[PDB]
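2 protein chains.
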Amino acid sequence: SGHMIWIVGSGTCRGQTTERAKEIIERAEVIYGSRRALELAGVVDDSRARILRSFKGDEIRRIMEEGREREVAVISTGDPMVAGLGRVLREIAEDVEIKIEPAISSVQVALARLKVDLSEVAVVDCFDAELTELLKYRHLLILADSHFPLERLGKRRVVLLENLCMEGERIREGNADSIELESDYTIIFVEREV
Amino acid sequence: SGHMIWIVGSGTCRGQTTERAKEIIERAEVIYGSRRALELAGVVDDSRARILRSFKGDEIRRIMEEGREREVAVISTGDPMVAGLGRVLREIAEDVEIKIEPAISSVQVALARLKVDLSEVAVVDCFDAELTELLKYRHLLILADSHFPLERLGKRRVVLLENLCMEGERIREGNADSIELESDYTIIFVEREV
Ligand SMILES: Nc1ncnc2c1ncn2[C@@H]1O[C@H](CSCC[C@H](N)C(=O)O)[C@@H](O)[C@H]1O
Ligand SMILES: Nc1ncnc2c1ncn2[C@@H]1O[C@H](CSCC[C@H](N)C(=O)O)[C@@H](O)[C@H]1O
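Residue numbers (PDB author numbering), protein chains in the order written: chain A, -2 to 123, 128 to 195; chain A', -2 to 123, 128 to 195. A prime marks a further copy of an entry chain.
Derived from the structure by calculation, the hints contain no laboratory data. The reader is advised that the hints may include incorrect statements.
Each pair may be met inside one copy or between any two copies, as identical chains are not told apart.
Think about it this way: if two alpha-carbon atoms lie no more than 20 Å apart in a straight line, the pair counts; the simulated PhoX-like pairs of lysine-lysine are [said to hold, decoys possible]:
| # | residue 1 | residue 2 |
| --- | --- | --- |
| 1 | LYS96 | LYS112 |
| 2 | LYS96 | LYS19 |
| 3 | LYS156 | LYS112 |
| 4 | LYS137 | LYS156 |
| 5 | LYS19 | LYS137 |
| 6 | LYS19 | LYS53 |
| 7 | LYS112 | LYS53 |
| 8 | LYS53 | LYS96 |
| 9 | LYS156 | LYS19 |
| 10 | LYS96 | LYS137 |
| 11 | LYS156 | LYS53 |
| 12 | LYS137 | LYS53 |
| 13 | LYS96 | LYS156 |
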């Protein structure tokens, strides 16, 4: 009921928002989120919308407390529990309650393009052991940006899924040592060395 | 356009279907799916709906070929690429094309209840090395049914998320050796032994 905010996913592609997400959004008094998240959810031009610049603890704490006086909704791109706010949330002394509303992630869109099951991979957010180890039992699905060190991947065949569902969507294939990254919205698929 | 079927997710909870899923569904000439998947998507009483009993290769091959003459849609519970048809699809000599439309999985709903990121776990579909190995770098999120051998898990603390978003939804906590499973819709959360 009260003394709590919602963190809702905006989805990845247009028309991926859920009936529950819209209801939560429709009721909110103030909506926080990055411009992409707001745009995606179709509320970047709403008057209740505040575009977030930062996403650190301090900034989420502010939003958090304001949620005691008013109904707050935070929109995250894609799915909230995929390379989302989880981590910093654990660092916040929880007075107000927080509830998560799932949405479709770039991870799901990529898996759908590849015809690969989630139980066949390990989702990585952008280690040493995360290479040989995980690759021993799983393909890797890495959420990367243009600064991902491909080095750290050898001569392995990789599939780059760029800007899924965006104007410049591209799927490329090649070897980590001879392919260049160019988009900050890049999912890197690495088949398990079986 | 043609010579291809869609496999769409019905979601997990009511109101989790996407605008694209509905459009695909609204256009379909024949709809296949298990009763839960059809019920969830709100089409179990549609005249175009055929409730699936089996989900083996032979049965999907049939549906597949019928998709050459008519517009076919197959609805999977939750998300299609989570413990879905991926595996048997790889065993089918692909004439007709298949496209996947993502939906919200029980995996996402569980992660949202736990406030845990997908990049922090390994999703398991119901091994020896899948225990100590994966648990060395990830929590485990196991999609289980009432026959999951808890043995195969020791004295580890586990969290059981049962019937998420269903009448009998329950979240229980305990040790694998002293807790009993009772639902075929059970997600088993095992924190990484860190
Ligand atoms: N449209 C897109 N196409 C490809 N990758 C994307 C993407 N959107 C996000 N990503 C990946 O996701 C990363 C951001 S972390 C945010 C992910 C989001 N919450 C979700 O569930 O999708 C990016 O660095 C990129 O690797
Ligand atoms: N409502 C629910 N609550 C808890 N677990 C569920 C569930 N629905 C499905 N499951 C899990 O999913 C398994 C079926 S495999 C099908 C999963 C579905 N495609 C999805 O994306 O959710 C069950 O054995 C159970 O472990």
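These are the hints, each one checked on the structure:
1. For the identical chains of this complex, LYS96 and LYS112 are inter-copy neighbours only, at 9 Å across copies versus 31 Å inside a copy, given an alpha-carbon limit of 20 Å.
2. In this assembly of identical chains, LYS96 and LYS19 lie within 20 Å of each other by CA distance solely inside one copy; the values are 15 Å within and 26 Å between copies.
3. In the homo-oligomer, the alpha carbons of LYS156 and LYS112 never lie at most 20 Å apart, since the shortest distance is 24 Å inside one protomer and 36 Å across protomers.
4. Proximity of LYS137 to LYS156 under the C-alpha cut-off of 20 Å is restricted to the intra-copy arrangement: shortest distance 16 Å within a copy versus 26 Å between copies.
5. In this assembly of identical chains, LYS19 and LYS137 lie within 20 Å of each other by CA distance neither inside one copy nor across copies; the values are 41 Å within and 39 Å between.
6. In this assembly of identical chains, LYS19 and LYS53 lie within 20 Å of each other by CA distance neither inside one copy nor across copies; the values are 26 Å within and 37 Å between.
7. In this assembly of identical chains, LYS112 and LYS53 lie within 20 Å of each other by CA distance solely across copies; the values are 17 Å between and 35 Å within a copy.
8. Taking identical chains as interchangeable, the C-alpha atoms of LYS53 and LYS96 lie at most 20 Å apart only when both belong to the same chain, with a minimum of 19 Å there against 38 Å between chains.
9. Within a single copy, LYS156 and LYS19 get their C-alpha atoms no closer than 45 Å, and across copies no closer than 42 Å, so neither meets the 20 Å cut-off.
10. In the homo-oligomer, the alpha carbons of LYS96 and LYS137 never lie at most 20 Å apart, since the shortest distance is 35 Å inside one protomer and 29 Å across protomers.
11. Taking the shortest alpha-carbon separations for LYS156 and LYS53, neither the intra-copy value of 36 Å nor the inter-copy value of 37 Å comes in at or below 20 Å.
12. In this homomeric assembly, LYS137 and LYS53 never come within 20 Å of each other (Cα to Cα): the closest approach is 34 Å inside a single copy and 28 Å across copies.
13. Proximity of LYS96 to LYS156 under the C-alpha cut-off of 20 Å is found in neither arrangement, the shortest distances being 42 Å within a copy and 31 Å between copies.
Hint compliance for this structure: hints 3, 5, 6, 9, 10, 11, 12 and 13 are not met, and every other hint is.
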